[PDB]
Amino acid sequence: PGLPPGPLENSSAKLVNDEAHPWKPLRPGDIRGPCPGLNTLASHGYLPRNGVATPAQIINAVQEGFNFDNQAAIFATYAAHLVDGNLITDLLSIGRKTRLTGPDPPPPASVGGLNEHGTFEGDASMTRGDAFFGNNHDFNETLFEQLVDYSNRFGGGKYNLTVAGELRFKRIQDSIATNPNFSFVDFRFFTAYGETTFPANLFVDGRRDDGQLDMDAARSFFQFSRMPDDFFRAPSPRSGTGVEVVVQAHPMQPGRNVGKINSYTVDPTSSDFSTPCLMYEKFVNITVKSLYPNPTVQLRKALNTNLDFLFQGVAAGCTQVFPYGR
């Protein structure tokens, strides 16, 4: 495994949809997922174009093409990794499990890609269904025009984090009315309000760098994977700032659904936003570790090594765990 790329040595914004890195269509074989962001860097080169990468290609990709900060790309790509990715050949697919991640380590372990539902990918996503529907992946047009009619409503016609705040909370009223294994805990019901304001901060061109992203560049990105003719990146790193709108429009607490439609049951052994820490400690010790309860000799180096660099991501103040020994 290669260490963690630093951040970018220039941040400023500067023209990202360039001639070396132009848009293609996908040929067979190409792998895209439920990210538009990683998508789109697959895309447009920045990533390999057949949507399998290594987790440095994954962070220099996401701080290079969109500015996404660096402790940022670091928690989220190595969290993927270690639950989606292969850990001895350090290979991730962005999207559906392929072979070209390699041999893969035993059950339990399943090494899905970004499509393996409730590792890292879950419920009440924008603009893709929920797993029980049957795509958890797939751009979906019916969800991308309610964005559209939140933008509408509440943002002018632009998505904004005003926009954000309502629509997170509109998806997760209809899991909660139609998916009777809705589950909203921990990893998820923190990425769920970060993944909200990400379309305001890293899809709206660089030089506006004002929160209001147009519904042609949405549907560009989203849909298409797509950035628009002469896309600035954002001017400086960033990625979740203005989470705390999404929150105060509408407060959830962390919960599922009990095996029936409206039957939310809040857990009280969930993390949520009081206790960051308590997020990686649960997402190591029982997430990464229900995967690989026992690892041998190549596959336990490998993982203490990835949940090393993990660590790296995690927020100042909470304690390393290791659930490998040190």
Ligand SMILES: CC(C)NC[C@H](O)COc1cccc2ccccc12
Contents of the next structure:
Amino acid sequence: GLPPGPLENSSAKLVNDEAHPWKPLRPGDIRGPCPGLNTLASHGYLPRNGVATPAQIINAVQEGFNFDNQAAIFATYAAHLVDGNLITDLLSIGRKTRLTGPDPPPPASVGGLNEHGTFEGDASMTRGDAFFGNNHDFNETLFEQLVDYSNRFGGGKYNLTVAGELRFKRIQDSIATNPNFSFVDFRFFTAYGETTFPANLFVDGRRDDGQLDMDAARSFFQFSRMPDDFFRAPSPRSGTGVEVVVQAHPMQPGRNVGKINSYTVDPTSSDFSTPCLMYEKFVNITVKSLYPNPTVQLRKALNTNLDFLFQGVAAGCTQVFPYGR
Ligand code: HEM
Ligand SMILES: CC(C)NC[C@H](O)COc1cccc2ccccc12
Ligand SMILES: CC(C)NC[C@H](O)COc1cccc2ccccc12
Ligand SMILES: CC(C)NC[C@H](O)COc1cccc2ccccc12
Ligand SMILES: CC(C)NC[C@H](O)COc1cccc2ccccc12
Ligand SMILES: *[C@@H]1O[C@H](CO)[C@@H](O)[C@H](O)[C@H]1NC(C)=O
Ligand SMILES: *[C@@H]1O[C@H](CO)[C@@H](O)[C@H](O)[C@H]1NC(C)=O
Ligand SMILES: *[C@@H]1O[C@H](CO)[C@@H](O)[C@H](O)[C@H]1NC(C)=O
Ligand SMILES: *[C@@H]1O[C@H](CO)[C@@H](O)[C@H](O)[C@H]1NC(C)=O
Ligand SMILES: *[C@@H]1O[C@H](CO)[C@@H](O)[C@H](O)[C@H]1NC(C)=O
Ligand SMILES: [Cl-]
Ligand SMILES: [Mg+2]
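Next up, the form deposited with the ligand bound. The previous block was the form deposited without the ligand.
Zooming out: every chain and molecule, the one shown earlier first.
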């Protein structure tokens, strides 16, 4: 389907409403590394089994949380291209599942959002690095560290100052312990943006003060559950305030090189000075390497989804065409 447009009415409103109650997981229901999508599934803004189309995802993030359209489009089509089934138009928000349909050939994985190194990556706030065995479940120890950082830098609330400190702490901990730590290109970007989302989108929209309380934080991060009477944000947004997070502890993109404490800067990575390069590498390298020589129907699906992806790219970038036009 065509990507949905922006909300006709983007006011704050009750989103934990009669039509969208929280329900617990049934056997087979899939949740993954994204507390936003998890919460939308657990309130029925998405299918409750956690398998959805790109259009369903875009509508859900807008309706349920007031995620802005451009961000919704870029994130959703990026995820779908690398983790979803392009023929069936289905993406798992978590683990790989037969519910997304017949798989394409190797080397494409169609691994859902749980697939490490495509969208999901290291130094997540409340999820462990894939190297440590589980990149998707809520981790209590990591959440308690988020609480501790909120106590120390946020007066007990999570805000952009807390985000700046916690983002850096998680990077440093991965450098110290994960010999395979990777922090380049798309993950370098998303790792920063995601730390703003709890302050911008999990804060009740009647307040919109950037100060997330720990009861609400746990509700979203652990239980995929909106607080009782939760109002979404009062305008469309995504990653505003990311500048505060970066400014706290500016980092270069890089990786450990097969040992702990060996963080080595990658001069071929994009960074915040080269946003168009991030897009170009995502398409030319990441997507292309999953689908190096697609058959006719896959090529058509790839090109359609790549056109949609480009709608979410910041103005000023040039579209690239890995499979021609
Ligand atoms: C628009 C479609 C979206 C997709 C496909 C998506 C997918 C993902 C994925 C795969 C991750 C894993 C990144 C990591 O390794 O840490 C992630 C991180 C995250 N996403 Fe989303 N996301 C979307 C939008 C949203 C929205 C709307 C919210 C909030 C309303 C949100 C909140 C988060 C948070 C908080 C994290 C980091 C969680 C943590 O580090 O513990 N995302 N997202
Ligand atoms: C169904 C689900 C939302 N139940 C919520 C729990 O009964 C209450 O949750 C909680 C409430 C208060 C503190 C906590 C600390 C750790 C883990 C959970 C906590
Ligand atoms: C509302 C609009 C200005 N948002 C786009 C800006 O680049 C801010 O958002 C973002 C900034 C930086 C990284 C991110 C990663 C994923 C999603 C959004 C991100
Ligand atoms: C630090 C701040 C000023 N910059 C934020 C970044 O420029 C956000 O960039 C981006 C964030 C998310 C997706 C994208 C897709 C294409 C191009 C740029 C994207
Ligand atoms: C790897 C890359 C060069 N190939 C992508 C495209 O297959 C390039 O060739 C093609 C270009 C245009 C239309 C086509 C239709 C079916 C199969 C191939 C087509
Ligand atoms: C937009 O929605 C809000 C909240 O539901 C409502 O109060 C407002 O009147 C709506 N505006 C229009 C133009 O319908
Ligand atoms: C290790 O890093 C490589 C390349 O950076 C990646 O392909 C692989 O999935 C990573 N594995 C884990 C468990 O981190
Ligand atoms: C949670 O994260 C901690 C700290 O990184 C780690 O030691 C632990 O194994 C993780 N998993 C669980 C299930 O607690
Ligand atoms: C975070 O909270 C602390 C304590 O209230 C405050 O000093 C800091 O200015 C806050 N930061 C933001 C970005 O709101
Ligand atoms: C991506 O490929 C296009 C050709 O399709 C090329 O013009 C562009 O320079 C490439 N960009 C990168 C970063 O490789
Ligand atoms: Cl919007
Ligand atoms: Mg992760």
